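Student: Residue strings, one per chain:
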Amino acid sequence: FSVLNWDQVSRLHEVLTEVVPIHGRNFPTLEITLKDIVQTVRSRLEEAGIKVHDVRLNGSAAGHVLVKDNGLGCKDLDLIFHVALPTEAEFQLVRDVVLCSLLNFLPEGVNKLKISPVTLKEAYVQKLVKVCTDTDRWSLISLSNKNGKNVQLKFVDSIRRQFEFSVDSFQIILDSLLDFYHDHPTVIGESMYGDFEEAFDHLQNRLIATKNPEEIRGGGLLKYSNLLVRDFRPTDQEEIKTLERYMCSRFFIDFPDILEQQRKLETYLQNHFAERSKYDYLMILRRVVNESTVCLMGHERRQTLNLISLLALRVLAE
Amino acid sequence: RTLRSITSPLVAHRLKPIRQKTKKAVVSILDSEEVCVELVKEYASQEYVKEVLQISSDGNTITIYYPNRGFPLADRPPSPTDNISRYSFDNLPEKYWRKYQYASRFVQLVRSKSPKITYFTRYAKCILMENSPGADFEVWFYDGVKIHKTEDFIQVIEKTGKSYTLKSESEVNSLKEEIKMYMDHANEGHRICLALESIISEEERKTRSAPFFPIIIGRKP
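So the sequence lines, in the order shown, correspond to chains A and B. What the first sequence shows, in the entry's author numbering, is residues 14 to 38, 40 to 195, 205 to 298, 301 to 343, in sequence order. What the second sequence shows, in the entry's author numbering, is residues 585 to 652, 655 to 807, in sequence order.
A portion of the hints provided could be inaccurate.
Calculated cross-link-like contacts (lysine-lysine; reagent style DSS-like; alpha-carbon spacing at most 27 Å) [stated by the list, open to error]:
{"hint": "1", "chain 1": "A", "residue 1": "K144", "chain 2": "B", "residue 2": "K634"}
{"hint": "2", "chain 1": "A", "residue 1": "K141", "chain 2": "B", "residue 2": "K600"}
{"hint": "3", "chain 1": "B", "residue 1": "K681", "chain 2": "A", "residue 2": "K168"}
{"hint": "4", "chain 1": "A", "residue 1": "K135", "chain 2": "B", "residue 2": "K600"}
{"hint": "5", "chain 1": "B", "residue 1": "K625", "chain 2": "A", "residue 2": "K144"}
{"hint": "6", "chain 1": "B", "residue 1": "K748", "chain 2": "B", "residue 2": "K600"}
These are computed hints drawn from the structure, not numbers from a lab.
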């Protein structure tokens with residue numbers, strides 16, 4: 014229940030007009047605008063008979079719009095359309111909506127309408143996720159990441175928890191400026216952490232807090248330490264060591280094998296780190314998982330510490 | 585219709601990890617108790633993994649992912667990549683039911699050859715199997731005899747080598763005075779093991795700790 018002001022609404026136009034290049038793998043690069051994507055996707059979803067309730071900006075984009083330089087990395091530009099998805103044809107058609115909206119981006123484009131959508135997939139879609147369980151129900155389509163970042167389109171029918179920590183629980187409801195086209208209207212923003220004021224304080228003062236530890240995926244420890252590396256700090260020592268021990272517990276739970284731990288660490292380091302910082306991050310990991318360890322969990326953590334130390338030796342060796 | 589009216593969700597608990605390579609698939613019971621079906625294509629004299637289904641021990645979580655020609659066939663299932671898809675049991679579309687069925691029949695087989703309660707009598711070694719309800723029950727007599735009780739098929743392997751199959755109690759009571767007391771022995775042993783299963787499972791439900799199965803009771807004299 015909070016309203017943005019000219020302060021952030023300027024960066025809203027700045028972000029939704031930023032020219033994004035999506036590089037191909040044969041195929042030419044595409045040069046697109048965020049508002050163009052959102053509008054051409056909303057149009058083709060409305061011509062398929064699917065209700066587009068909310069259109070929202072999410073991720074690091076909404077975190078950097080609300081505050082200029084909080085130091086998080088403009089890496090994820092997320093778009094959420096709250097969209098009804100009862101049948102499997104719904105997902106199978108949202109894919110087609112995305113790709114048909116994607117065709118219209120070349121002069122010899124329709125001159126190549128003899129390109130299958132599965133062929134169109136090869137160069138222009140990177141990450142592709144589809145969940146449809148008892149609770150969760152949504153689909154994600156990411157775009158290529160070469161010169162720029164990854165542009166994600168996430169159509170949700172029902173997701174349970176959709177925030178990492180307090181700092182990245184911020185969504186900008188775009189229905190306002192989307193109806194639009205001091206020349207600005209009421210642009211509501213909202214926190215997935217609840218009472219918006221406290222979470223926005225957490226962001227601007229660079230803090231860490233979450234009253235929902237039960238429900239984190241195993242890899243929440245990784246973003247905990249991503250925050251510690253870029254200089255965020257907790258709020259209550261009453262719960263910080265208890266919280267680290269919970270996070271480490273669920274890490275060992277959701278990644279039991281040595282090689283799954285190693286896979287996720289390697290694929291996290293290579294995804295989030297551009298330009301040797303990897304070493305500082307690995308040392309923050311070593312300290313967190315070394316201090317915050319129950320004495321019973323002996324060799325469970327011993328293999329993981331040896332693994333992180335090996336990653337660090339490899340990093341400093343290259 | 586529905587999938588649940590075809591095959592019940594698989595029960596991978598307590599199962600020692602195994603890997604079987606059939607012609608079309610490779611099924612594994614991963615060490616974490618997750619079942620894992622991986623499809624194969626022979627191509628350029630190599631074997632490549634084309635898609636992977638990975639199934640929680642409660643049979644209710646299906647993670648299906650495809651590589652970007656694909657994976658070379660590893661001894662241990664290839665780690666998931668970007669293109670994944672999680673479904674629940676009764677949300678799993680018809681495209682996959684046969685592939686999930688390979689895994690389900692595999693686990694229903696493994697539950698039939700995996701001991702849950704081993705019990706040594708004065709005359710035999712009893713093994714109640716894991717596949718409850720209607721658990722298989724092997725009785726390996728020290729005498730060399732073997733009595734295999736299934737859901738409706740009871741094979742009796744005598745000392746000589748003769749092996750018949752009992753169906754209904756009409757064929758059970760008709761047995762000669764020798765093997766009839768073998769049947770009585772094995773029946774009392776099965777009652778014993780079944781009662782112990784019930785008792786120890788209820789105590790396990792109370793305590794809710796490290797598993798109480800399998801169990802081994804006695805020593806071969």
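Student: Now tell me if each hint is right for this structure.
Tutor: Okay, the hints, checked on the actual structure:
1. Among the hinted pairs, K144 of chain A with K634 of chain B is consistent with the structure: their alpha-carbon atoms are about 18 Å apart, no more than 27 Å.
2. Taken as a hint, the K141 of chain A and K600 of chain B pair is broken in the structure, with Cα atoms around 34 Å apart against an allowance of 27 Å.
3. Our distance criterion of 27 Å between C-alpha atoms is met by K681 of chain B and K168 of chain A, whose separation comes to about 24 Å.
4. About 41 Å separates the Cα atoms of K135 of chain A and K600 of chain B, which puts this hinted pair outside 27 Å; it is violated.
5. As the CA atoms of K625 of chain B and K144 of chain A are separated by approximately 25 Å, the hinted pair is consistent with the 27 Å bound.
6. Of the pairs offered as hints, the one joining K748 of chain B and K600 of chain B is violated, with about 33 Å between alpha carbons and a cut-off of 27 Å exceeded.
Hints 2, 4 and 6 from the list above are not met by this structure, while the remaining hints are.
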